[PDB]
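Trainee: Let chain D serve as the given structure and place chains A, C and B with the ligands on it in line with the hints.
If you want the building blocks of each chain, they are given just below.
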Amino acid sequence: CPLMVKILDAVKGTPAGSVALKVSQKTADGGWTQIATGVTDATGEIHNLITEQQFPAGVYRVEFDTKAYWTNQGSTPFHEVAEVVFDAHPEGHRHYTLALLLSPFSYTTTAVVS
Amino acid sequence: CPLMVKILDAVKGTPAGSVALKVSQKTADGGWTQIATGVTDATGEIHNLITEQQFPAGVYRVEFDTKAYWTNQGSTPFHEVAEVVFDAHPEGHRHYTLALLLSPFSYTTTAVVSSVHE
Amino acid sequence: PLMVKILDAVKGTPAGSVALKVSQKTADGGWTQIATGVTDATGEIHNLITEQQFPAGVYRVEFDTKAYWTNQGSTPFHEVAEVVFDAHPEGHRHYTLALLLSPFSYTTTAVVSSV
Amino acid sequence: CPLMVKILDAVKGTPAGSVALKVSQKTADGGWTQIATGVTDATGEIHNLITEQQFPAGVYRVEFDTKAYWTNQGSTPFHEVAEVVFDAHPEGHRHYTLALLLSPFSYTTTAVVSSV
Ligand SMILES: N[C@@H](Cc1cc(I)c(Oc2cc(I)c(O)c(I)c2)c(I)c1)C(=O)O
Ligand SMILES: N[C@@H](Cc1cc(I)c(Oc2cc(I)c(O)c(I)c2)c(I)c1)C(=O)O
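Protein chains in written order, with the deposited numbering: chain D, 10 to 123; chain A, 10 to 127; chain C, 11 to 125; chain B, 10 to 125.
Pulled out of the complex, with its shape left as it was, chain D reads as follows:
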């Protein structure tokens, strides 16, 4: 599990369950190719999102459907989506955890790189 997510709901103080996300890798011509999708469980995580094989060095984009999450909770949110874009160097069993803290009009994207 070289790419992990942890999404928290800052209003409820619980992980954000059922958040749809997708992972894209930057291609040679500068475009994006989608390599995985998933939805967070009740713990705000997604296990086995991608494998080491799918996660070579490069630039990646994780897009979180935060709007749907808030719309479903009954809140009108600001952001259409939450985008996390970063260069990955996973060569060496390097784990990446994308922590995301959500409020209707704010989010925090932090990274923990082990």
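Calculated directly from the structure, the hints in this document are not laboratory data.
Hints should not be assumed to be uniformly reliable.
The list that follows gives simulated cross-link-like pairs (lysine to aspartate or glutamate, DMTMM-like), each with its CA atoms no further than 20 Å apart [to be verified]:
no., chain 1, residue 1, chain 2, residue 2
1, B, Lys31, B, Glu61
2, C, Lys31, D, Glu89
3, D, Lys35, C, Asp74
4, A, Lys76, B, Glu61
Mentor: The following block gives chains A, C and B with the ligands in isolation, referenced to the frame of chain D:
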């Protein structure tokens, strides 16, 4: 003003109006002495909270009544109070803005000690 | 109508010289560039766009945070910081995009004035 | 474990190791009584901080020595300490994780309440 606040409500996307706060200074014996109280206006600010003379170097504590704010919003807050404790160094016309981002189960306390970058 | 306030959470000052670009979502799901700019020393950009240039629709503001950290001598996590949102500037509605930066974290908040 | 912490360093992108903290419970007269102290491990956590028996409902204050953490890192911190003060409601096996995100001039205190 040597000490300003800017409180934002991350749920509504507006400044947090009518947030009560108190400013205390640490005394020589380790206790706290309250030197100002106030309540944010609709912009999430408090003008003329304290003067330069009331703000010598020392340890200060700014306590925001975020629990009452959330209770009044019909929400369920986690924190009893939001507390910002810092050693103030006002020498050299250094002014402080305490930025505070509020959500019921989270707050962010940031400080801005210069109006410009360097 | 659109304002930004970028703060540096390491230094406790605004983030100056941060490059950004403002794009507007097009019918077919694409983007059109409406403005570019660079924050001044107070971490703001004045007269970024005008009222007529900011009609209802989805906008994307890209902040070149990677360059900012690089110039500051830090190695950052994010390749860029993107803020994407539905804008409804009808009336007096002004938008402030507040951005709090650390090398391995940022917080994007919005302050939206009523009418 | 009814009370856990998770501290991250937003400058380095790692958990914040070796952060000193103290846990106190508010008394009937509005004073404080110390119930635990500890230091985060390399994952930014402290295992077995207190027991369920030591954690009845009431107001608690967790003080984190962030100033020392930043001083040790060679940085210049703003805050003299980071305090998280909250009325704890552990009934029905509810546990608390105090998440803390640290930058020299900013921190975020969030709480995660779970039925574990
Ligand atoms: N048992 C885990 C420990 C762990 C608990 C939490 I909760 C966590 O989550 C956050 C999420 C956000 I979003 C934050 O802003 C912060 I600070 C901490 C992370 I990452 C790690 C482990 O295996 O290490
Ligand atoms: N543009 C204004 C200046 C200004 C606007 C805002 I809004 C602001 O406040 C915050 C509050 C929080 I909480 C944040 O996380 C951030 I980033 C910025 C500050 I300080 C200054 C003017 O000069 O008129």
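Trainee: With reference to the structure, classify each hint as holding or not holding.
Mentor: The hints, checked one at a time:
Between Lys31 of chain B and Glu61 of chain B, the direct Cα distance comes to roughly 17 Å. Compliance with the 20 Å bound is thereby established for this hinted pair. With a C-alpha separation of about 17 Å, the suggested pair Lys31 of chain C and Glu89 of chain D falls inside the 20 Å cut-off, and the hint holds. Of the supplied pair hints, the one linking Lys35 of chain D and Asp74 of chain C holds, its CA atoms being roughly 17 Å apart against a limit of 20 Å. For the proposed pair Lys76 of chain A and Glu61 of chain B, the alpha carbon gap of about 25 Å is over 20 Å, so the pair is violated.
Going down the numbered hints, you'll see the structure goes against just number 4.
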